[PDB]
Amino acid sequence: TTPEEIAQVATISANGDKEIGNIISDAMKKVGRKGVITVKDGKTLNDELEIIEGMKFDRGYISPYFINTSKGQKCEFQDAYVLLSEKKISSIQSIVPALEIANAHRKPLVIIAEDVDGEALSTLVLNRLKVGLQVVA
Amino acid sequence: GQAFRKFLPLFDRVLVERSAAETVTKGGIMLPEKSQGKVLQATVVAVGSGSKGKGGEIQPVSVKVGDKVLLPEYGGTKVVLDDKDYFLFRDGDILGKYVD
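First to last, the protein sequences are chains A and B.
For what it's worth, UniProt numbering labels the leading residue of the first sequence as 163, then goes sequentially.
For what it's worth, UniProt numbering labels the leading residue of the second sequence as 3, then goes sequentially.
FYI, nobody ran anything at the bench for these hints, they're computed from the structure.
Careful: at least some of the hints might be erroneous.
To be verified - With a straight-line cut-off of 20 Å between C-alpha atoms, the simulated PhoX-like cross-links for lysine-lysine are:
id: 1; chain 1: A; residue 1: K292; chain 2: B; residue 2: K99
id: 2; chain 1: B; residue 1: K54; chain 2: B; residue 2: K66
id: 3; chain 1: A; residue 1: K292; chain 2: B; residue 2: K28
id: 4; chain 1: B; residue 1: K99; chain 2: B; residue 2: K36
id: 5; chain 1: A; residue 1: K205; chain 2: A; residue 2: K192
id: 6; chain 1: B; residue 1: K70; chain 2: B; residue 2: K40
id: 7; chain 1: A; residue 1: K269; chain 2: B; residue 2: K28
id: 8; chain 1: B; residue 1: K86; chain 2: B; residue 2: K28
id: 9; chain 1: B; residue 1: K70; chain 2: B; residue 2: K86
Said to hold, decoys possible - Cβ-Cβ distance ranges computed for the label pairs, FRET-style:
id: 10; chain 1: A; residue 1: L291; chain 2: B; residue 2: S53; range: 46 to 52 Å
id: 11; chain 1: B; residue 1: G29; chain 2: A; residue 2: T163; range: 58 to 64 Å
id: 12; chain 1: B; residue 1: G55; chain 2: A; residue 2: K250; range: 31 to 37 Å
id: 13; chain 1: A; residue 1: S256; chain 2: B; residue 2: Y76; range: 24 to 30 Å
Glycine is no exception: its CB is placed at the ideal position from the N, C-alpha and C atoms.
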């Protein structure tokens, strides 16, 4: 009934390690008791807990020219439009109208798709570098 | 027949200049240069004397110099005039003209 018992169970099960019990009780307090907790290798001397909120997936950008944050080499926007595609985007006419909605409302656009092929990629990078339209694939 | 910058086409061949390729859309999105494609709208800049369908009579070309026409996708001959690109088509190959 209490997270103190959760910490006690995780401490007893980890050969009396109180720090492991605390770092598991904190994880269960943050992501929920019936939540996803994954043990991973660490490159430091001490353990750490990383809470991933929202929708994070292990896919990078198609083109490195979409970077607008120089400090972390990241691509960051606020209040961005999202265009999702089941199939691969290759043609000019399949990506231009979404760019018209992005440009008319002056909102950033992130296009999550299977892949972005040469014509659409050329359009996106050329619009990003020439006029200043904010867009990432 | 009429000549454009000292070039008179022979028989029913006409010489046209393709229109400028579309670089930007209406809402401001610009297009890559490669994906612009071949422009199918052109302006006739030179006309020939016309092919002789029957002996003793010369049939002139339908189009005239200064007419906006719609070219076919295939059939043109490349002509380099004053370091500029022009295309020689037959009189019958032109799909139609824009009347205004």
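Taking the hints in turn, this is what the structure says about them:
For a cut-off of 20 Å, the pair hint linking A:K292 to B:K99 is broken: about 36 Å separates their Cα positions. The straight-line distance between the Cα atoms of B:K54 and B:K66 is roughly 18 Å, inside the 20 Å bound, and the hint therefore holds. A C-alpha spacing of about 17 Å is found between A:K292 and B:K28, which places the hinted pair at or below 20 Å, so the restraint holds. Our distance criterion of 20 Å between C-alpha atoms is broken by B:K99 and B:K36, whose separation comes to about 27 Å.
For the proposed pair A:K205 and A:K192, the alpha carbon gap of about 23 Å is over 20 Å, so the pair is violated. At most 20 Å may separate the alpha-carbon atoms for a hinted pair to count; B:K70 and B:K40 meet this at roughly 16 Å. Between the alpha carbons of A:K269 and B:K28 the distance comes to roughly 18 Å, so the proposed pair stays at or under 20 Å and holds. The suggested pairing of B:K86 with B:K28 is violated, with an alpha-carbon distance near 28 Å, which exceeds 20 Å.
A threshold of 20 Å between alpha carbons decides the hint, and for B:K70 with B:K86 the separation of about 19 Å falls inside it, so the pair holds. Taking the beta carbon of each, A:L291 and B:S53 are about 51 Å apart, inside 46 to 52 Å as hinted. The supplied range of 58 to 64 Å is met by B:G29 and A:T163, whose beta-carbon atoms lie about 60 Å from each other. Judged by the Cβ atoms, the range 31 to 37 Å given for B:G55 and A:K250 is violated: they are separated by roughly 52 Å.
At about 26 Å, the beta-carbon gap between A:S256 and B:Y76 stays in the expected band of 24 to 30 Å.
Hint compliance for this structure: hints 1, 4, 5, 8, 12 are broken, all remaining hints hold.
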